[PDB]
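Trainee: The lines below spell out each chain.
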Amino acid sequence: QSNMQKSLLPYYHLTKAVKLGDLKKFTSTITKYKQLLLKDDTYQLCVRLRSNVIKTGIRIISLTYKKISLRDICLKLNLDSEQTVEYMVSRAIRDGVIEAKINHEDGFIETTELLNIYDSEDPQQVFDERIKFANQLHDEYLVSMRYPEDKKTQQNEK
Amino acid sequence: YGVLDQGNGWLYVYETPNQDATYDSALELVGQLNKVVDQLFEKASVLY
Amino acid sequence: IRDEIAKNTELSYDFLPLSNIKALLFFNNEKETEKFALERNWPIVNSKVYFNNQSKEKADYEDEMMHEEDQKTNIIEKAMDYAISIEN
Amino acid sequence: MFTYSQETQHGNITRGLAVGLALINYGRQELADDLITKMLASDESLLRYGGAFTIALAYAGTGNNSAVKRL
Amino acid sequence: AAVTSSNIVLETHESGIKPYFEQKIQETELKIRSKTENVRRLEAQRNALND
Amino acid sequence: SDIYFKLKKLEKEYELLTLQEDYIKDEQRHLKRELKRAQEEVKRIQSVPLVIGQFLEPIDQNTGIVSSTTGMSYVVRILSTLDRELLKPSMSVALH
Amino acid sequence: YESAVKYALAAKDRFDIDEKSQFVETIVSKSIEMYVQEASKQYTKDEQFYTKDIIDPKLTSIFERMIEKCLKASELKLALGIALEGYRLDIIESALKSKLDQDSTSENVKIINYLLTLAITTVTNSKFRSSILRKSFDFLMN
Amino acid sequence: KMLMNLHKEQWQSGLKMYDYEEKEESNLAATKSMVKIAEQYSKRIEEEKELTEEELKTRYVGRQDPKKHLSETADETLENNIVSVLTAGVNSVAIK
Amino acid sequence: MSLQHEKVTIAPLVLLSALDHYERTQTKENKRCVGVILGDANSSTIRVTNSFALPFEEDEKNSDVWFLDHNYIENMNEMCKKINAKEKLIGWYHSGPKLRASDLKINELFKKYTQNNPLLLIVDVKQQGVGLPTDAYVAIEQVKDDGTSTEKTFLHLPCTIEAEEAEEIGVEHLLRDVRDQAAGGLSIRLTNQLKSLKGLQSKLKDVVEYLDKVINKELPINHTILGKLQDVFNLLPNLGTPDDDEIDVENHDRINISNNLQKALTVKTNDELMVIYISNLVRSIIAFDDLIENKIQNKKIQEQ
Numbered sequence: 335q336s337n338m339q340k341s342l343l344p345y346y347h348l349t350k351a352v353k354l355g356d357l358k359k360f361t362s363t364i365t366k367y368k369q370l371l372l373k374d375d376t377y378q379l380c381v382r383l384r385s386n387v388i389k390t391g392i393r394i395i396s397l398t399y400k401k402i403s404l405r406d407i408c409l410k411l412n413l414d415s416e417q418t419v420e421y422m423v424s425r426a427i428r429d430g431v432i433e434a435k436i437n438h439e440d441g442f443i444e445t446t447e448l449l450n451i452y453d454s455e456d457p458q459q460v461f462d463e464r465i466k467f468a469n470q471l472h473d474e475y476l477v478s479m480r481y482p483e484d485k486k487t488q489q490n491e492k
Numbered sequence: 387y388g389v390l391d392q393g394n395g396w397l398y399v400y401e402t403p404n405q406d407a408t409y410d411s412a413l414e415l416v417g418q419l420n421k422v423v424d425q426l427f428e429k430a431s432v433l434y
Numbered sequence: 185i186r187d188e189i190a191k192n193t194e195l196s197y198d199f200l201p202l203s204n205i206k207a208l209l210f211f212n213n214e215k216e217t218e219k220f221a222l223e224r225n226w227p228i229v230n231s232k233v234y235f236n237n238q239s240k241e242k243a244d245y246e247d248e249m250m251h252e253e254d255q256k257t258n259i260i261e262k263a264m265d266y267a268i269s270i271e272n
Numbered sequence: 501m502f503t504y505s506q507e508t509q510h511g512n513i514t515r516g517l518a519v520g521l522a523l524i525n526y527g528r529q530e531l532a533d534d535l536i537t538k539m540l541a542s543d544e545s546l547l548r549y550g551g552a553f554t555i556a557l558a559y560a561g562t563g564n565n566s567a568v569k570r571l
Numbered sequence: 003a004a005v006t007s008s009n010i011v012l013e014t015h016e017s018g019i020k021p022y023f024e025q026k027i028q029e030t031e032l033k034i035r036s037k038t039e040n041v042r043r044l045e046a047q048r049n050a051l052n053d
Numbered sequence: 045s046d047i048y049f050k051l052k053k054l055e056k057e058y059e060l061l062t063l064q065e066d067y068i069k070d071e072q073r074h075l076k077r078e079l080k081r082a083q084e085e086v087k088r089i090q091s092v093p094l095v096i097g098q099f100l101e102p103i104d105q106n107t108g109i110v111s112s113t114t115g116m117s118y119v120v121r122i123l124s125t126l127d128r129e130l131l132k133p134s135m136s137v138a139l140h
Numbered sequence: 075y076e077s078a079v080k081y082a083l084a085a086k087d088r089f090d091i092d093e094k095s096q097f098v099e100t101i102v103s104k105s106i107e108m109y110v111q112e113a114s115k116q117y118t119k120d121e122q123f124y125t126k127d128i129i130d131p132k133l134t135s136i137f138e139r140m141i142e143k144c145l146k147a148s149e150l151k152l153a154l155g156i157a158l159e160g161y162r163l164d165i166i167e168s169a170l171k172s173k174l175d176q177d178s179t180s181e182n183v184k185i186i187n188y189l190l191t192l193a194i195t196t197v198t199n200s201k202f203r204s205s206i207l208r209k210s211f212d213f214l215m216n
Numbered sequence: 211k212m213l214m215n216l217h218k219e220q221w222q223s224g225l226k227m228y229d230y231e232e233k234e235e236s237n238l239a240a241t242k243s244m245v246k247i248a249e250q251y252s253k254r255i256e257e258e259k260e261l262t263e264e265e266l267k268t269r270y271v272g273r274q275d276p277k278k279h280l281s282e283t284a285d286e287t288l289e290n291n292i293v294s295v296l297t298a299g300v301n302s303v304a305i306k
Numbered sequence: 001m002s003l004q005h006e007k008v009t010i011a012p013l014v015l016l017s018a019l020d021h022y023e024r025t026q027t028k029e030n031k032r033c034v035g036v037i038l039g040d041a042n043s044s045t046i047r048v049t050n051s052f053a054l055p056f057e058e059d060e061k062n063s064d065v066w067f068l069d070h071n072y073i074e075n076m077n078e079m080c081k082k083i084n085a086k087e088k089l090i091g092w093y094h095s096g097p098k099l100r101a102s103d104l105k106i107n108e109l110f111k112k113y114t115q116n117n118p119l120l121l122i123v124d125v126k127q128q129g130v131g132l133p134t135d136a137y138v139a140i141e142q143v144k145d146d147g148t149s150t151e152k153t154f155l156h157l158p159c160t161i162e163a164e165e166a167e168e169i170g171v172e173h174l175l176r177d178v179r180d181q182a183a184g185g186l187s188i189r190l191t192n193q194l195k196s197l198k199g200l201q202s203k204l205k206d207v208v209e210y211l212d213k214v215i216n217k218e219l220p221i222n223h224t225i226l227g228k229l230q231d232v233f234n235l236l237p238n239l240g241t242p243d244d245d246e247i248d249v250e251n252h253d254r255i256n257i258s259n260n261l262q263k264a265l266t267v268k269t270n271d272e273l274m275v276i277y278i279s280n281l282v283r284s285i286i287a288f289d290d291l292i293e294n295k296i297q298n299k300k301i302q303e304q
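Line by line, the protein sequences give chains S, U, E, Y, C, A, P, X and L.
Each number in the entry's author numbering comes from the position in the first sequence (counting from 1) with 334 added on.
Each number in the entry's author numbering comes from the position in the second sequence (counting from 1) with 386 added on.
Each number in the entry's author numbering comes from the position in the third sequence (counting from 1) with 184 added on.
Each number in the entry's author numbering comes from the position in the fourth sequence (counting from 1) with 500 added on.
Each number in the entry's author numbering comes from the position in the fifth sequence (counting from 1) with 2 added on.
Each number in the entry's author numbering comes from the position in the sixth sequence (counting from 1) with 44 added on.
Each number in the entry's author numbering comes from the position in the seventh sequence (counting from 1) with 74 added on.
Each number in the entry's author numbering comes from the position in the eighth sequence (counting from 1) with 210 added on.
Read in the entry's author numbering, the ninth sequence has 211 at position 211, and its numbers run on one by one without any break.
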């Protein structure tokens, strides 16, 4: 839905490779398009985005299934140990990506709810942004009535 | 306005889901005023 | 690395066995695991940790300061500042 | 001048006293700020009337920002 | 240069009264444009209320 | 510099323009309160007592011709921010 | 601009080779301004107050030396112009007094007039504007 | 001071947030009514480059102008809602 | 007598007359002008229509000494029945500044002339309270709170002040202020919220203080005050309840609508801009056209 894909053909491949949680696909493309990445100053970010293959791999699976065992996620993303799962997810939730909590006495990960925020004080923050910007537009227009009038008066006859 | 529990055989029944009767009107409000701005922008900017 | 995993594991767990915290934050004694727990102000009572206890005290620290009160922005303040732009 | 302005209930005599206050305060500038606050605070029509012209005469013949805003 | 002042040496930082001239004259010319346009703005509105 | 010492006196003059600019806001407030006051008087007249006529025809669009139940016939001025579209058909009207 | 000029005089140490070189003399110019703010209020209280510790020792020494630099351009509007602004008697009395030399009859009168018309138009301060007026006539008479 | 008076109910009505049934109704009614005249605001300005102020009002039926009425409605419900959220928030925080 | 008396409305003619009388009898320095209050009574709404001075003295050494003229009241009542039919003696005013206990004794004698219970209407001549200066009272009898001593004491009747539409027009336009009896724009309604809260603040302080002085000084107990103030605590809201949660849904609803109203006014001022921008192109073309057209005119003159 971008109106060209005619140089965005490497970064379409990057969305896909992170998306499935597949490591091999990430290796094949990064070597292939190495000169292009180097030129665009996007090669440094792809050392971190190697790291986020698995971190975003988790993000589809924990979203899809509210409660899913530690062992089931070892299936899906082919992870070493149950303990290996817990470590990856714990980092991500401090960074805020998952929004979840791991329960070790019942051996499953429970993806936390967002609830209704309509009954919380969150919509009042969004409005505050909107209100402040709109007040600023009404004051600005009045100043800019005056400005064309000065420009024209100075200008040589028509 | 119900949903059916097969997890133990219950039928949860609620009346209409409560909604902002006000916010219905406010979608219509935005739809009206928005075309006014397309005209304002067209006419003020085809001067120069 | 040991200080970094304590941060992650506040949000993840509510409590843990003392043998589990031991495995996770990597330690070769239980003297190290509890020393590390009481640095992060988590009672080691019942032979379980209690991560939530440090979370309470960070929130109080913030409420005493005047940097947290206007970030919230109260509803008396929002309306009055809203009113004076119009009448200006 | 001030005391007998407040004192006389005859309206002609108050007005003459209120204007005659002004004249003494020609060229005072800064030391006429005591007078000016008293004349304007009063709820008498004549006192305020001459009260303006205390401000005219103090800074008369050169500009002044404080005097222009007050008036 | 890169170790000595050796560019924009004909004004600014030459005697202290030199940068005093420059700072202020640029401020005054910006200010008079602002004060006239605001006073005109604000009078158009007070005429509307009067109206 | 000559311009600069002449400036000092000019800057004072611009300051009185500054004080004009503060003065507008004080005039504005007075007028806005008062527009609502002016309007309050006219609401007194809109409301009771009234005497019922029957509206005939517009002769302008700000002045009309009516008849009354008083036994007379008048020319009356039509007050603003009221409908001028519903005086076309002859219908009962109220006159102050 | 303000953190810099306050820090310079707060220190009570070197920033005063920048007058003699080219670096930042915007710091110097804000120091001239700062002098107006303190002097005004203290000129009502006394006609001698320039050697108090309320007024900084750097502030005083800079103020006099700036005038010294002014007269070496050999345009006397800077010397005198600053002098009036500072709420300073000493700078004025000396400035006028040294530069009368019978360059011309017409011209010696002019030196005083620049400052004199400046006093009347610019300064609205009653105490100060009165003093100046007496001084001006003493050099004219002389 | 005597003639004017200071009311003891001036302080009670300040610190009372009116019933909430009347408030759901207030917002609901007002926002809905501005849809009917919002639409007519477009039709007014389809052209505006035409001469004469009365003329504009005669072509598209802009009599008792939809710009002036619609704005007026926007300012007056806005004044009340800001004061109402103000009073409500004052009472809850104040009293306990 | 009367068992119908809830409120006393007072016209501002009465409040001003009392004020005048104090200053035209030359009675000052906490001495008393007392006069009769005239108007209809024996109604839930008591309305005082008029007032006139009575001859009155007091000696503050012994307050069991005062002078009230017995001739004067009869003569004034006869005259006053002629002017309006409204007017009859419905109490007596006191000029304040406070309610002295000396005011019972006067009220006791005053009952004889009256056709009702007389009212003790305090009108303060120096202005007081965030509320009115004017506070009304009626003599009633009741048992104390120590369960001992039936004392005739004074029952506060609240007041709001009213005038007929006859008087009111002259009040509204003579006034030459903002008024606390009318209001303008939003700006004045911000003022009102600050003033209304300030009254609470001051009033709370009086309640705490009263509680102090009971347990310190040891003024006698009142279960009228303590009993009413018991209710206040159960009426009290608290936090953390489902009710406060319902306030927050309403606060989002009302600020959201205030956001859409604001957006609307952005398009309104965006209109005014346009009209001016159109006005600017038309004015600039015709302004210049004139100059050109004038050069040709001048040119005809020059040629011959």
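Keep in mind the hints are simulated off the structure, nothing from the lab.
Check before you lean on any hint, since a few could be wrong.
[Claimed, not checked] Here are the simulated EDC-like pairs of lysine to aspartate or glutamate, each with C-alpha atoms no more than 16 Å apart in a straight line: (1) L:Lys268 x X:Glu219; (2) L:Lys263 x X:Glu289; (3) A:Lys52 x P:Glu107; (4) L:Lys203 x X:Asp285; (5) L:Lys126 x L:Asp20; (6) L:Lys263 x X:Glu286; (7) C:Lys33 x A:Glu59.
[What the hints assert, rightly or not] Calculated Cβ distances over 12 Å to all of chain S for the following chain L residues: (8) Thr25; (9) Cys80; (10) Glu141; (11) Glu162; (12) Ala182; (13) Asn256; (14) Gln262; (15) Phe288; (16) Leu291.
For every residue, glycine included, the Cβ atom is placed at its ideal position computed from N, Cα and C.
Trainee: For every hint, state whether the structure bears it out.
Mentor: Here's how the hints hold up against the structure:
no.	hint	in the structure
1	L:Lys268 x X:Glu219	violated, 38 Å
2	L:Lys263 x X:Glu289	holds, 15 Å
3	A:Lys52 x P:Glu107	holds, 14 Å
4	L:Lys203 x X:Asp285	violated, 35 Å
5	L:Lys126 x L:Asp20	holds, 12 Å
6	L:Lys263 x X:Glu286	holds, 15 Å
7	C:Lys33 x A:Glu59	holds, 10 Å
8	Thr25	holds, 59 Å
9	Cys80	holds, 61 Å
10	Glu141	holds, 55 Å
11	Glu162	holds, 42 Å
12	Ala182	holds, 29 Å
13	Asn256	violated, 7 Å
14	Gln262	violated, 5 Å
15	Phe288	violated, 4 Å
16	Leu291	violated, 6 Å
Of the hints listed earlier, those the structure fails to meet are numbers 1, 4, 13, 14, 15 and 16, in rising order.
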